[PDB]
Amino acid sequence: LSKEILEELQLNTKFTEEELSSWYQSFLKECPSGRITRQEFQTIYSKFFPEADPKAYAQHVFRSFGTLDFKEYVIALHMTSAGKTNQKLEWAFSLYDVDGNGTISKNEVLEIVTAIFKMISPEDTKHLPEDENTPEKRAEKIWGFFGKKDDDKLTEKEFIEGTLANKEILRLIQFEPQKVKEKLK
C-alpha cells in the first residue's frame, strides 16, 4: 500500500512510506475497515471548502477511481490538491470520462466543468473572462479548442496531446480548486 501508493504517484508524492504509514495508522483509528464510502469522502470536501458546494466535485473524483481504500483516498487528495496539473493528465481523462466508456463527450465536459465551477466562490466568479464565466461557455471553449462538433467524441490520445501541447487547453480543463482560483488574482 505505502510503496504501492508511492509507486502510483511516483513524482507527485508529498510523503515518504514512513509518513504514509503514520497517516494510515491514524486513518484506521477513524475507519477500522480501511475503506471510506462516497458519503464519507464528500464530507471531507464539505468540511474543508466551506465557501463552495463540493458535493458534485467530490462525487466525480470518487467515481474516477461502494468505497475507496486508503490508497485511492490518498491519491484522490493528491490529484485535487498537490502537484502540477500536467503530471495528472491520465487521471484527468478518467475524471472527464464520466461514464467510463473510454471517450469523452461534450456533455461529460460540461458536467465536470459545472462541478468545478461550484468549487469557486461567487466572489472569485466575476473575476473570470467573459468567454469563460459560465459552465457552458467554459465547456464550449474547451470543445472548440479540440476542434469538436457537438456530436463528436474525444479519445484519450487527443486529450493528452492537446492538454500537454497547448497550455491554454490545460488551463481550461484545470480541476484543482486552488489553481482555478490563483489564475485570476
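Note that the rigid core is defined as the largest set of C-alphas that superpose within 1.5 Å between two forms. Positions refer to the first chain, counted from 1. First, how it differs from the form deposited in another entry.
Among the candidates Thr114, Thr80, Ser94, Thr85, displacement between the two forms reaches 2 angstroms at the C-alpha for one position only, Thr85 (superposition on the rigid core). Put the two forms on the same core and the Cα of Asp150 is off by 2 Å or more between the two forms.
In a rigid-core overlay of the protein, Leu172 has its C-alpha displaced by under 2 Å between the two forms. The Cα shift for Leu9 between the two forms, taken after rigid core superposition, is 2 angstroms or larger.
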The other form holds:
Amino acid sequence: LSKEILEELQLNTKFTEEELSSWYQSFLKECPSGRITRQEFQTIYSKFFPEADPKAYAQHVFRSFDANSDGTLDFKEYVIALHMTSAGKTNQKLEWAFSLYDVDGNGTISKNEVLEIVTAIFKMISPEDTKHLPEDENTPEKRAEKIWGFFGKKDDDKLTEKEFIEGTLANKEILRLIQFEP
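Please give the other form, namely the form deposited in another entry, since only the form deposited in one PDB entry has been shown so far.
Here you get just the chain by itself.
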C-alpha cells in the first residue's frame, strides 16, 4: 500500500491501517499485481451468495468502481466495493447508488437503467426469500416501477443526480427500494 491510500481507506472504514495491511498481504498473495479483475471480483460474489445469480449484480458493482476503465479494480477501490455491497453507512453509500444506477455513465439515470439494476439486484434474492417480498414490489418489473414512481416526472427518458440525491435523502422509501440487501 501507500500512506495516502491507507487513510482514504481508514477514513472510509471501521478498518484499522494494521488490518488494511494484513488484508493487502493476503490479497496480494492471490493477485500479486495489487489489482483484481472483473473475472476474479465476480467470483468473490458467486462464492458467498451460492443461493442466487450474483453474477449480474457483481458486474455492475465492478463497473461502478473501476473508474478509468482498466478492467481491473485495485485494492483500494476493491475494498470500498466489498463495503457498499453489505450494509451500514448510508449516504456515503447513496453517493454511489447513483454510480451503480447511471449504468451508461453519462450523468442521468433512465427507466431501463433503474430496471437493469433492480433486476440484477433481484436475481440476488434467494428464490426462497423472493416470496417474503411485499408484492406491490416483489418482482423486477414492479420494484423498478414503484421507484420511477417516486422520482415522479416519469420522463420514460431521464433522472438527474440532483433529483436522485434529493429523492433518496428526502423520502427514505425509495432509498430502501433503489438499494440492495443491507
